[PDB]
Amino acid sequence: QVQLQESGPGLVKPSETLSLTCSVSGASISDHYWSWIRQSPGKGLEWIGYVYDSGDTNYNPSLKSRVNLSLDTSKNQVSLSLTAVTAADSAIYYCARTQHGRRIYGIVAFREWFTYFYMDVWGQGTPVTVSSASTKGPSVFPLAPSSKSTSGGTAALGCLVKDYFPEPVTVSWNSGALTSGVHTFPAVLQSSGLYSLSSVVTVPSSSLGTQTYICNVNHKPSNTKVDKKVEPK
Amino acid sequence: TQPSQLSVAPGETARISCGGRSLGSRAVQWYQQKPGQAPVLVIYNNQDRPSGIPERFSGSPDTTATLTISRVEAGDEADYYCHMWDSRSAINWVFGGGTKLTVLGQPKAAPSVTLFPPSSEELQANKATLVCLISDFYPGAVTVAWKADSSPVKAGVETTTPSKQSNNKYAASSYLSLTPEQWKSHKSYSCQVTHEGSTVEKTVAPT
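Protein sequences appear in the order of chains B and A.
According to the authors' numbering, the first sequence holds residues 1 to 82, 82A to 82C, 83 to 100, 100A to 100R, 101 to 212 in order.
According to the authors' numbering, the second sequence holds residues 6 to 67, 69 to 95, 95A to 95C, 96 to 210 in order.
Errors might be hidden in some of the hints.
Listed next, with one range per pair, are the computed distances between beta-carbon atoms [stated by the list, open to error]:
| # | chain 1 | residue 1 | chain 2 | residue 2 | range |
| --- | --- | --- | --- | --- | --- |
| 1 | B | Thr73 | A | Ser169 | 35 to 41 Å |
| 2 | B | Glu16 | A | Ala144 | 38 to 44 Å |
| 3 | A | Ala158 | B | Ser125 | 23 to 29 Å |
| 4 | A | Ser169 | B | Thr100L | 33 to 39 Å |
| 5 | A | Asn171 | B | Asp56 | 41 to 47 Å |
| 6 | A | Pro110 | B | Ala82B | 47 to 53 Å |
| 7 | B | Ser54 | A | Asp139 | 48 to 54 Å |
| 8 | A | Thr164 | B | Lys208 | 29 to 35 Å |
Calculated from the model, a selection of chain B residues having no Cβ within reach of chain A, i.e. all distances over 10 Å [stated by the list, open to error]:
| # | residue |
| --- | --- |
| 9 | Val2 |
| 10 | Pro9 |
| 11 | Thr17 |
| 12 | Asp53 |
| 13 | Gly55 |
| 14 | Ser65 |
| 15 | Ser79 |
| 16 | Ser113 |
| 17 | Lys127 |
| 18 | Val150 |
| 19 | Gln190 |
| 20 | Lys204 |
Simulated coverage check for chain B against chain A, where a stretch passes if three residues somewhere in it have a Cβ under 8 Å from a Cβ of chain A [claimed, not checked]:
| # | region |
| --- | --- |
| 21 | 39-46 |
| 22 | 156-165 |
| 23 | 175-183 |
None of these hints come from the bench; they were simulated from the model.
The beta carbon of each residue, even a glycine, is placed where N, CA and C say it ideally should be.
Please build the complete structure, drawing on both the sequences and the hints.
Here it is in structure tokens:
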């Protein structure tokens, strides 16, 4: 059962070398081709390159020869390096398992067939922000459930995740045991250049006395995690 | 390579055109990217479906390669990207520009608005932020205004563009950053969100 997870710095300075890793489980790295693809905000998909254990690698010319891909069999991961980065390199970066096929249009003896590639399993992607600003960890504050926050026996409580940089921030509740009624809002990019987001959970009011609620906030770029207890009043 | 947009009513057939320019035999792949998600392979080699793709999605046989979606539903709204391969070139590195599929005639839904006052922890820290959370609305266009007592608040307002939820409705957020003295001075603060000509106002007060 192939599963991919991209991991990166989340922030890089202009002209630095960007280093990314795709960790794969439920599959051997040597059994497949692998691709990296990226997407700029509100822009399309750009295929970066592909690699195979045979040592076969090939790169998109639009990356300007700045890209290197490699395979680490001991760790079962695919790695990407991108040199001399610019703001134009800010994007979400995906890794994808890549399959190849042959389409025959003629005499096989005349070698009248061609190969095509298709990316059948993608990771969720890792965001990369190219900026000269520093990382900033969030401050997290409780959004207390209150009669103001309550309608008709269901109560809203949450966590405010304020002023962080760069993306992403991850939020779970009660270490992932609490999933139903959880809504985590996309962050806002403030005029300051810092991000803020909120995560709320809708909960039975009856539970408020007897159930404890904790938001788990993870901001990997600053290597900080906060668990915040959210209580009524 | 592909049109940026297509709009369609629920239940009818969407036909999406590739970036095109193929010469000879072709192998076309289609990818589906829904809001806030990673791309998903929907078609390969013109007509082949990976396991799990509905029969509603079909490709065209082997220029002007087409992805057809019959009985379109709201859940089908996405960017659809094609990736065209042909005999001519050893490799095509470029994905199609992509097509934005919009589904029309979805039922309207008024926003639910929840407004949070600053936490006592934030106040203790000499900061104050009001949080206006807006969800479950359709269509996805909203205007957010803030008031201190009855006066419009211009400064310190930060508001997101709406984003689609997995239930096919939309959500957005608005933040008002205040000094604790600004917060304690006024009798109340209000978040007013206007949707389809109608307005829901939520109010909070220092107490």
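Hint check results:
no.	hint	result
1	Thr73/B - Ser169/A: 35 to 41 Å	holds (37 Å)
2	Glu16/B - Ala144/A: 38 to 44 Å	holds (40 Å)
3	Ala158/A - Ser125/B: 23 to 29 Å	holds (27 Å)
4	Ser169/A - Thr100L/B: 33 to 39 Å	holds (37 Å)
5	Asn171/A - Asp56/B: 41 to 47 Å	holds (42 Å)
6	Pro110/A - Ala82B/B: 47 to 53 Å	holds (51 Å)
7	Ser54/B - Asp139/A: 48 to 54 Å	holds (51 Å)
8	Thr164/A - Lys208/B: 29 to 35 Å	holds (32 Å)
9	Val2	holds (13 Å)
10	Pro9	holds (20 Å)
11	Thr17	holds (22 Å)
12	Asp53	holds (19 Å)
13	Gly55	holds (17 Å)
14	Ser65	holds (14 Å)
15	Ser79	holds (19 Å)
16	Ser113	holds (20 Å)
17	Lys127	violated (6 Å)
18	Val150	holds (14 Å)
19	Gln190	holds (20 Å)
20	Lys204	holds (18 Å)
21	39-46	holds (count 3)
22	156-165	holds (count 3)
23	175-183	holds (count 4)
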